[PDB]
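In structure tokens, the next block holds one chain alone, the form solved in complex with the partner chain.
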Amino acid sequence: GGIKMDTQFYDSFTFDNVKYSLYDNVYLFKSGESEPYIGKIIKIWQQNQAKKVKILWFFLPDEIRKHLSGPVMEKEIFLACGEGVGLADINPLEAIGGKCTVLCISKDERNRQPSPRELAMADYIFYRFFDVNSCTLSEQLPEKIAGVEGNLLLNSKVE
């Protein structure tokens, strides 16, 4: 008969003395950019000995400033949603540059309301979702984003 396994996937790894897990939020620097991007790991696998992560993007206010009609909170960022260019990008695992603590304050029922402790330790907070097609912000979380169920893209199920 014979056995042949297909693609190896992962839930976690350690890189440069930091443990990263699926659905963690991370910094990623592009060459020539002064500020890092912030994104969420939504897949980890190995492909031809190369280690890859699929990153679902967050947007900092400066990154979508041209589409914003109103103000933002000091630590606010926005989770990409919808379908189209800008939603997500496959990245080398080696481009990950650190963990980012991002807390969701959405009233959506799939989000666990964060504790004061979690909010106190957050690098960024979000409750709005940037549709990359319309390029518009909404407080409505879609059923899924990038094929991932929405309840996996918010706060951890347990503090």
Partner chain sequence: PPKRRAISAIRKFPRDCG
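If you superpose the two forms and keep the largest set of C-alpha atoms that fall within 1.5 Å, you have the rigid core. Numbering follows the first chain given and starts at 1. What changes on going to the form solved without the partner chain:
Relative to the superposed core, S69 shifts its CA atom by less than 2 Å between these two forms.
Alternative state: the form solved without the partner chain, after the form solved in complex with the partner chain:
A single chain, with no partners or molecules, comes next.
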């Protein structure tokens, strides 16, 4: 059955007293699991009464341990890239447990270089990207990930 006039999209939302905007990073929780997953909000919408978020995935080292072949930094995670399962998932808004501070330390000029203070206060850092199809890490930021320009997936415009 076709659907029209049932959906709208948002730049932000407010939930459990917190203000979440596009490209913010969040903790997401699966049912029955207390250990969180890390994601980036790339789309926010409501269809009928169900609010959803499209999550571009961050992978913790423990999530991809059998693919690691070298040392990882303290608090390092990896931004998903490429195509296929594991890149992005549509989640209910209620799955978001809270906001997560993920700072990019990539040398790429499209990235705003954060302060050592910002790095010390960040929950996680990243400069490598996990191809969900080949399960390989790379330091090269793609032009686009999940249809979003790469420059929008790094650190914020202002500090």
